[PDB]
Amino acid sequence: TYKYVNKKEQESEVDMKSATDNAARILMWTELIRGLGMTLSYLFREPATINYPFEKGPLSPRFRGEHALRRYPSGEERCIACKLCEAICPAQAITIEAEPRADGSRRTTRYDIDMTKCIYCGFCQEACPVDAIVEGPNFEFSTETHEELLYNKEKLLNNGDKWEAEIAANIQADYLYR
Amino acid sequence: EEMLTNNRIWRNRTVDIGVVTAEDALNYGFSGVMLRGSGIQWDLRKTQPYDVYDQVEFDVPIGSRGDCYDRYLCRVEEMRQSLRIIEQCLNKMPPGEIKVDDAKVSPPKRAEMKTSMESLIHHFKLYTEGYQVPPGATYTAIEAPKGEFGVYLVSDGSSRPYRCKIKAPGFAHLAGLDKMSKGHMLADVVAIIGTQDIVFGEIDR
Amino acid sequence: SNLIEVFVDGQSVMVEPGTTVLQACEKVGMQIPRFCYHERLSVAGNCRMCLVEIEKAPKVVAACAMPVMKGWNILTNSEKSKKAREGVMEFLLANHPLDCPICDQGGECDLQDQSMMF
Amino acid sequence: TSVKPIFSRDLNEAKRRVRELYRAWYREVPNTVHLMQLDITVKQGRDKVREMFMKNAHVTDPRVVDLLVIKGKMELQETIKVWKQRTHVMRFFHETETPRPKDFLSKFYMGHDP
Amino acid sequence: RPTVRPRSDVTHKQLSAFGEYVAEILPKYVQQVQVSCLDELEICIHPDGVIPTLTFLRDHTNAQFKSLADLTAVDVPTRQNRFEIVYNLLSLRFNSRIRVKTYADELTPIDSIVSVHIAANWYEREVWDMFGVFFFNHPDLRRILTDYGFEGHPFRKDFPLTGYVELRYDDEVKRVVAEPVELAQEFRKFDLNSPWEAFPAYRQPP
Amino acid sequence: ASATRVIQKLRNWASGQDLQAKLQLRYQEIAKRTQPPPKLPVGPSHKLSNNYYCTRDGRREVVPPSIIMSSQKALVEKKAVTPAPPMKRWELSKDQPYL
Amino acid sequence: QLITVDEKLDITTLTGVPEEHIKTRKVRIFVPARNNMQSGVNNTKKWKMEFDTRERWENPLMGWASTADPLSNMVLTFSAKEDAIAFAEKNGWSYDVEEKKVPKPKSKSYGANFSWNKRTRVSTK
Amino acid sequence: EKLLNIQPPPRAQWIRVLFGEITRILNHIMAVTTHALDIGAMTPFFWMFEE
Amino acid sequence: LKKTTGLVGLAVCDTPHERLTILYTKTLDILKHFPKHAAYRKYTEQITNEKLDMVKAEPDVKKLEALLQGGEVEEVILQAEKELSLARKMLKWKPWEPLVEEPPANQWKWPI
Amino acid sequence: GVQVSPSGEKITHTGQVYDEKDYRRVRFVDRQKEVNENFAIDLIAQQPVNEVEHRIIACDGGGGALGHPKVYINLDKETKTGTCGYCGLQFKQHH
Ligand code: SF4
Ligand code: SF4
Ligand code: SF4
Ligand code: FES
Ligand SMILES: [Zn+2]
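Protein chains in written order, with the UniProt record's numbering: chain A, 35 to 212; chain B, 259 to 463; chain C, 29 to 146; chain D, 18 to 131; chain E, 43 to 248; chain F, 2 to 77, 91 to 113; chain G, 51 to 175; chain H, 156 to 206; chain I, 5 to 116; chain J, 21 to 115.
Everything labelled a hint here was simulated from the structure, so no lab data went into it. Since no wrong hints were added, every one of them can be taken at face value.
With a straight-line cut-off of 30 Å between C-alpha atoms, the simulated DSS-like cross-links for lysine-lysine are:
#, chain 1, residue 1, chain 2, residue 2
1, G, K156, G, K95
2, B, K437, I, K7
3, I, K46, E, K143
4, A, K51, I, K7
5, D, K21, E, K199
6, F, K33, F, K23
Next up, chain A with everything else stripped away, as it sits in the complex:
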């Protein structure tokens, strides 16, 4: 199947019945009207604008945005320094130097993202075998400084100490689904 887009040139014995219809398509302009009267329809249509800060648009619960370190329902920081949430991070964005916690347990002393790195690709929320790191619906976190985006860990907990009311409902509709 191959389809000629433009094959209509055939000598149809162009007579005054029709050959002037092209001159009716010309000097008495109609094709231009046809292209104009269309546009005039839309100004009598429903403009799909939306008053953003008062009318924000649609997302879905898998939206890749700002990171956050989740926490178990009983305190207890959920991140445990596996060190594959940077080994996969293609931006090479992360440093998660760690230690024992002085409880004998296993947690971090360090965690990082350069959010100007961090392509927001989604490898880390899914590679995390614990859902300790996730990537939540914030996308109004523009700042005036390249430095205020270099989220260390205390921001990135207390961020995770904020949207946990929200993430635990999107993820509630996204477990048994990946």
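Fit chains B, C, D, E, F, G, H, I and J with the ligands to the given chain A structure using the hints.
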């Protein structure tokens, strides 16, 4: 198409413009829209089918009279003849599996890495080390909107590749920029850019 | 001269006596998996992961211990030398606690691979 | 060692092919500085140029020299035209970065730099 | 068998027999035609016979390969002729592909193909930009991808990832000036190359 | 929506086709959020028997290429050859032939 | 046609690499060690040519680690030692070789764990 | 997938074609319209970039 | 009869069986210069005689296409010019020369 | 609910506050030091021990598909208790 494809301001701005000779395209290797728009009947999706395109019952909108209006009409009808493809790619989706059965080439189910041991280890090595391809080499291809997008990926037993390379189909379309704009003025050169589809990122690396 | 013709998928190797099948296969490169064995510790077949079908045998041998006699041809990538492993590693991984991210030896585990490889 | 030669034979034929290039750069310091404004007058621009040819005099291989002419012609072909800017032409000079101590004694008051 | 990309045995022989067709017809400068399990052809040759095989493949009925797609340059900095330069073509008439690769040192230039395939006007040039491999008889060789003052040839495996310069704006001169390289994070070379060959009967004995 | 049963006839007269049924944007009867939680299908080889890795290993069925000259090793009436049948001129696109 | 020459085959002008990373840059050619944690040995059979290391200071803002030498993370896989020196000499870098460390072929007889006479009589089987 | 020698399953192949020719629809809309902008027509651009 | 080709720039230049013959016949006549043993010479003869048996017999072009596979005859005509240059351009070259110029060892063993 | 330096700055989970003689405190001038008051080590001892039956069990983080891969413990230590490295829970044997 009510508005543009019978529009004087479009047609005589566009027709007879950038007349591409068929056998010269191949010397330049356009190999996308920019040759089928001059009558070289060709499409990998039907001439070298790879995926489930084998059962779709669609069509290739060839362009004769090489000019950036018959490229344009190809570019339109290729939008339409997705919808024949969609309707056929929509009403017979089979129930099945995703992220191939093998846990060495796909990550496993997140509920399944969490009890079944082996699925955990692969999850720990996929996302650190990865596939461990065999050495070898290919030159794939696919007709994107641009044309024959393809990759000369080259491998080694290490998990990482060894000089991948990207075939930017526009990369050849743009080398023909200074041959198809010969005996033509400025204002259409703008149109030449659009009807070579300079989505630069292909062009740029 | 104190050397024995031994075959590994057709190789015409010659090896001293009292040598395992590993010390033969190790020459070429048919590196066999290992959990009970070290190159310096005493031999003890407890893991039973280094199995292989010697040619013309219904039974496999623990290559860590089985010395090498004349005329023996090995099949390291046989069906029967992989069934002997896909089962074994699928035994070990029934009492193991899935602690890899906890585990100190993430990429330095000689089991994570040998569950992937085989 | 019975190599394939390119664009010349043993060095002393390639040394005039050099001079075809100095024959252009020596006449294209004044054309650049005026057409695209700069700080150098004409001369220290010419000192820099010869200061690059008195870096590669150590060469002894015709194939290498027959190659280095080319990359000079490219930069010339980029310089003779306005494809460069005031930042590219004035880039060779290393104007800004402090030259490190070539001696020993000041070289390690900063930097573990053997 | 479901998950193995079915071999389709037949076209191996087409590309094998045709692989022989090009050898005995052109025994000069042709070494080890081969083919991978992926039924795709490869033809290694000597640089002095580049064009006469291309023009056989652009201009011959049984090898209408009149459309070029790439011209890369692959590094192997352990042999003599480190730069494997690769061609790859296509028949619109026969519906198949080929690969015609060669070799060079850092200086053993290769005569160009632009009389044959003008598609290679710029593919040839990036290799000059990216590897420093001169070509004979190429119109208007010059840089493409690099800055107009970038020394080096970076896709060489000798050139580090973050190169030897970084640019910025030193306000005292009102320019986009360059000074040496001074990172903040230090790209972290990992040892993701495990033991265990993973591919026996496909390997290197000592 | 609030189209007052005149401008519809102004739109359509000014544009053509009855387009209140195929309007630009969406209101209702679509994507009624929070569809129920699905129990996915499973892939094959969750079958517990006759399921080894040998009968699925895609990556060990490859081998090295099959060299055919090997300028030192092998180096080895007859009809002409092409890499395939020269494939067809296809068809002429029934049901929409000349657009 | 051809031409005769026997010279050192210098290339150091065709790379940039202005002055510091030519001369004052040692190079180590070796067969990497067996990661003694793992009993696997495929990282051998090769001739990695990593280069010396220099300053890695601490970025005072973030705690990040940063450098000046881009030429530090510069692995290169070769296949024979005779080819490596030819590659590094071809760019004038002061190579510093380490030789292979082949392990010996050792006799390990299982039965000798269970001797009457001898002293290798193991315990715990 | 060629090198690894795997056909992915149908349902994944199947959707790989679907978006594989919705992306076809994008670039046409992005170079039908932008080819109209720089020529001058700015309207269909906005009619589509809700679509 | 044939109005236009599907292609563009490849004009008609009508009356096949006339330019197609003279080209093929000349290719053979440019041959008889090569060696008998040079393997190029003993294949094109099979190409052309195969093709020329079918133009020398059939006057109908519609059925001449789909018979020397490769339609749009004027593309086949152009293809004969394309063959023609190759031969004469290749006599100055020498494909039938003795064995290869012996590349170096370990120059293609890929996995490194 | 954190402990504070004599210079007056906030301590993290880790003892991390800069000494007095440190130019780094500049960055906090006309700003403030972000910190989470929710030390895990304080929250976790504020969690009762789950005194179960049989010596060996499985643990989870509240949803088997939703955290804490199914590790086990040997609860033979009547002296101390057994933990799971993911969580910070503790367990006894009841006997
Ligand atoms: S974010 Fe997840 S994967 Fe990364 S260290 Fe924390 S628990 Fe491990
Ligand atoms: S989303 Fe992707 S790029 Fe961003 S931090 Fe996670 S892994 Fe890295
Ligand atoms: S890294 Fe190895 S030893 Fe540690 S938990 Fe994983 S499989 Fe077990
Ligand atoms: S590896 Fe344990 S029996 Fe050989
Ligand atoms: Zn737990």
